[PDB]
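Given next, in structure tokens, is a single chain: the form deposited in one PDB entry.
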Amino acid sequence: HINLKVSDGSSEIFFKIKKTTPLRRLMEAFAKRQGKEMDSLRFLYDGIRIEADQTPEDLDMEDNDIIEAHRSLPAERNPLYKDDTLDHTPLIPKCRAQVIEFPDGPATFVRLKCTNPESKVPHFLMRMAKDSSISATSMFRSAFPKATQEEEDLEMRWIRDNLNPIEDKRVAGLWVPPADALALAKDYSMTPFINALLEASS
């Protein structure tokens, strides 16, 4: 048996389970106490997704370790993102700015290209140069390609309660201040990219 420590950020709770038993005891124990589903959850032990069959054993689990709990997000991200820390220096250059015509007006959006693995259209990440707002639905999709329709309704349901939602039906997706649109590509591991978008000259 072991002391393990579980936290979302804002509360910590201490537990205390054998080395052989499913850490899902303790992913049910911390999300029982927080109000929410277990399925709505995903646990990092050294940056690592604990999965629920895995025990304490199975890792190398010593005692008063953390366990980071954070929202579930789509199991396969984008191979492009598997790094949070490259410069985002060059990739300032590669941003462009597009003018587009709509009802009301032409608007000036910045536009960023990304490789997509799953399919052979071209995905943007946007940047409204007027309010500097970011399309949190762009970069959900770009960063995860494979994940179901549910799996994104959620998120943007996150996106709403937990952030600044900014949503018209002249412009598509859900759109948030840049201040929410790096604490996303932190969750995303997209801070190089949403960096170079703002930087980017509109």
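Residue numbers count along the first chain shown, from 1. Compared with the form deposited in another entry:
- For the rigid-body turn between these two forms, the listed residue at the hinge is 70, chosen from 106, 179, 38, 70.
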The other form holds:
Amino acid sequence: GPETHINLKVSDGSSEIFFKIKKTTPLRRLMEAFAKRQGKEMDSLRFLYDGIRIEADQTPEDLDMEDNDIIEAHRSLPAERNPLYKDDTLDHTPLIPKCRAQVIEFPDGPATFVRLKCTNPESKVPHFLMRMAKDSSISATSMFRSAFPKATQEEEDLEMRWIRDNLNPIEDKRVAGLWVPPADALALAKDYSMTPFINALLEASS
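How about the form deposited in another entry, since we already have the form deposited in one PDB entry?
A single chain, with no partners or molecules, comes next.
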């Protein structure tokens, strides 16, 4: 558009902030301001416009932005993903019979889980995805460890903090990790490209 200035909305999923800047101003300004105002570290965020990462020196003019366009502030995730998860769109029917229900004894006493063993096709390292039968809670910890082979402990800690701050986890005294309801598990599954696997795990017999 012919306007000299532009209103832009930045959203991180939890909060939205509107900014008015001159179209010749580098977007560095807007990104740093969003991070500062939200009390987040710049290194923990990635800013996208129409699915493309924004570079700090790019201006709204450079990108041909329009008034009230939206910038998405995505959280950082580990750089590499399990090649098992290179297609989020596959139908999950064949994965359901791979799931298994298992009764585990605790001091008070038994609890039923559903699990799905997921093997990295390149390294052959396996991880289990885990579901609690009673409320269909899913271990977000199990999802993250399966999704990101080279994740550091710092990256895992950052992600579990994000889950606590943005989704609706529970703690079970009995079992470690962060457990989330089905809707939250499916939101994470999209983020981790694990949708068919979490679909299967959620539908499987307990």
